[PDB]
Amino acid sequence: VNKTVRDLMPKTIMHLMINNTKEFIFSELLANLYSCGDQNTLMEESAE
Amino acid sequence: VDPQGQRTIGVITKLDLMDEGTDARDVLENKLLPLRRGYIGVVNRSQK
Numbered sequence: 673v674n675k676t677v678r679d680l681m682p683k684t685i686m687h688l689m690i691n692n693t694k695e696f697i698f699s700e701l702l703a704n705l706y707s708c709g710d711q712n713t714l715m716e717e718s719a720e
Numbered sequence: 193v194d195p196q197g198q199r200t201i202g203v204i205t206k207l208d209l210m211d212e213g214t215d216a217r218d219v220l221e222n223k224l225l226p227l228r229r230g231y232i233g234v235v236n237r238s239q240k
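From first to last, the protein sequence lines stand for chains A and B.
Taking UniProt numbering, the leading residue of the first sequence gets 673, the next gets one more, and so forth.
Taking UniProt numbering, the leading residue of the second sequence gets 193, the next gets one more, and so forth.
Watch out, some of these pointers could steer you wrong.
[Claimed, not checked] Only part of the chain A face toward chain B is listed, based on derived beta-carbon distances under 10 angstroms: (1) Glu716; (2) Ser718; (3) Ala719; (4) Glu720.
[Stated by the list, open to error] Label-pair restraints from in silico Cβ distances: (5) B:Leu207 - A:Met689: 50 to 58 angstroms; (6) A:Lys683 - B:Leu227: 22 to 30 angstroms; (7) B:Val235 - A:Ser707: 33 to 41 angstroms; (8) A:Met715 - B:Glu212: 40 to 48 angstroms; (9) B:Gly230 - A:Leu705: 18 to 26 angstroms; (10) B:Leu207 - A:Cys708: 31 to 39 angstroms; (11) B:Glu212 - A:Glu716: 32 to 40 angstroms; (12) B:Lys206 - A:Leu688: 51 to 59 angstroms; (13) B:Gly202 - A:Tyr706: 24 to 32 angstroms; (14) B:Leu209 - A:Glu695: 52 to 60 angstroms; (15) A:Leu705 - B:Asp215: 34 to 42 angstroms; (16) B:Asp215 - A:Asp710: 23 to 31 angstroms; (17) A:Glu720 - B:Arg217: 22 to 30 angstroms.
[What the hints assert, rightly or not] Over the 12 angstroms line for every Cβ pair with chain A, so calculated as not near, a few chain B residues: (18) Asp211; (19) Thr214; (20) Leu227; (21) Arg228; (22) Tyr231.
Simulated from the structure, these hints should not be mistaken for laboratory data.
Even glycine gets a Cβ: it sits at the ideal position worked out from N, Cα and C.
Isolated chain A (complex conformation):
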C-alpha cells in the first residue's frame, strides 16, 4: 500500500493542479486579466 500510494500521489496532484493551472495560464489568464480592475489604469509605469 505504501508503494502504490507513493507511485500514485504525485500523479493525482500533478493532474489536478500542475497540468490544470498550466493550462489555465495558457488559455484563460488574459481573458480574466482584461476583466479584473479598470483595464485602463492597469500597467501604469512605475516611477522608476
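Fit chain B to the supplied structure of chain A, relying on the hints for placement.
Coordinates of chain B only, in the frame set by chain A:
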C-alpha cells in the same frame, strides 16, 4: 523597507497649520513625491 510602495500609505496631518499663502496641493495631488497609494489629508483636534 517598502521600496515599491506596495504596502505603504501616506497621510498628511496638520493641514490647518500651514503658513499663510502656502498650500499642500502639490503633495496631495501626489505630484511632489509620487507615491503609489496616494496621500490622504486629515485634520485632527488641536491641543486647545
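A quick look at each hint next to the structure:
The beta carbon of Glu716 of chain A is positioned within 10 angstroms of a beta carbon in chain B (closest approach about 9 angstroms), and the interface hint is therefore held. The interface hint given for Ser718 of chain A holds, since its Cβ lies 7 angstroms from the closest Cβ of chain B, which is under the 10 angstroms cut-off. Below 10 angstroms, beta-carbon pairs count as interface contacts, and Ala719 of chain A has one with chain B at about 5 angstroms; its hint therefore holds. At its closest, the beta carbon of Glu720 of chain A sits 8 angstroms from a beta carbon of chain B; the interface hint therefore holds under the 10 angstroms criterion.
The beta-carbon spacing between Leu207 of chain B and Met689 of chain A, approximately 51 angstroms, falls within the hinted interval of 50 to 58 angstroms. About 48 angstroms separates the C-beta atoms of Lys683 of chain A and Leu227 of chain B, a value inconsistent with the hinted range of 22 to 30 angstroms. Look at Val235 of chain B against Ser707 of chain A: about 39 angstroms separates their beta carbons, and that is inside 33 to 41 angstroms. The hint said 40 to 48 angstroms for the Cβ distance between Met715 of chain A and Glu212 of chain B, and at roughly 43 angstroms that hint holds.
Checked against the given bound of 18 to 26 angstroms, the beta carbons of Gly230 of chain B and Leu705 of chain A, roughly 24 angstroms apart, stay inside it. The given range of 31 to 39 angstroms is respected by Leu207 of chain B and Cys708 of chain A, whose C-beta atoms sit roughly 35 angstroms from each other. Against the hinted window of 32 to 40 angstroms, the Cβ-Cβ separation of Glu212 of chain B and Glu716 of chain A comes to about 36 angstroms, which satisfies the hint. With their beta carbons about 56 angstroms apart, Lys206 of chain B and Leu688 of chain A fall inside the hinted range of 51 to 59 angstroms.
Checked against the hint of 24 to 32 angstroms, the C-beta distance between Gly202 of chain B and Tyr706 of chain A comes to roughly 31 angstroms, which is consistent with it. As the Cβ distance of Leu209 of chain B to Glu695 of chain A is approximately 59 angstroms, the hint placing it in 52 to 60 angstroms holds. With their beta carbons about 40 angstroms apart, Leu705 of chain A and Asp215 of chain B fall inside the hinted range of 34 to 42 angstroms. Judged by the Cβ atoms, the range 23 to 31 angstroms given for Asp215 of chain B and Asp710 of chain A holds: they are separated by roughly 30 angstroms.
Here the CB-CB span from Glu720 of chain A to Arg217 of chain B is close to 25 angstroms, well matched to the stated 22 to 30 angstroms. Separation of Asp211 of chain B from chain A is adequate, the least Cβ-Cβ distance of about 28 angstroms exceeding the 12 angstroms criterion. Interface exclusion of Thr214 of chain B from chain A stands, the closest Cβ pair being 25 angstroms apart, more than 12 angstroms. Not every CB of chain A lies more than 12 angstroms from the CB of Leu227 of chain B, the least distance being 9 angstroms, so the non-interface label is violated.
Separation of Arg228 of chain B from chain A is inadequate, the least Cβ-Cβ distance of about 8 angstroms not exceeding the 12 angstroms criterion. Here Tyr231 of chain B stays apart from chain A, with its beta-carbon at least about 14 angstroms from theirs, past the 12 angstroms limit.
The structure does not agree with the numbered hints 6, 20 and 21 stated previously, though it agrees with the rest.
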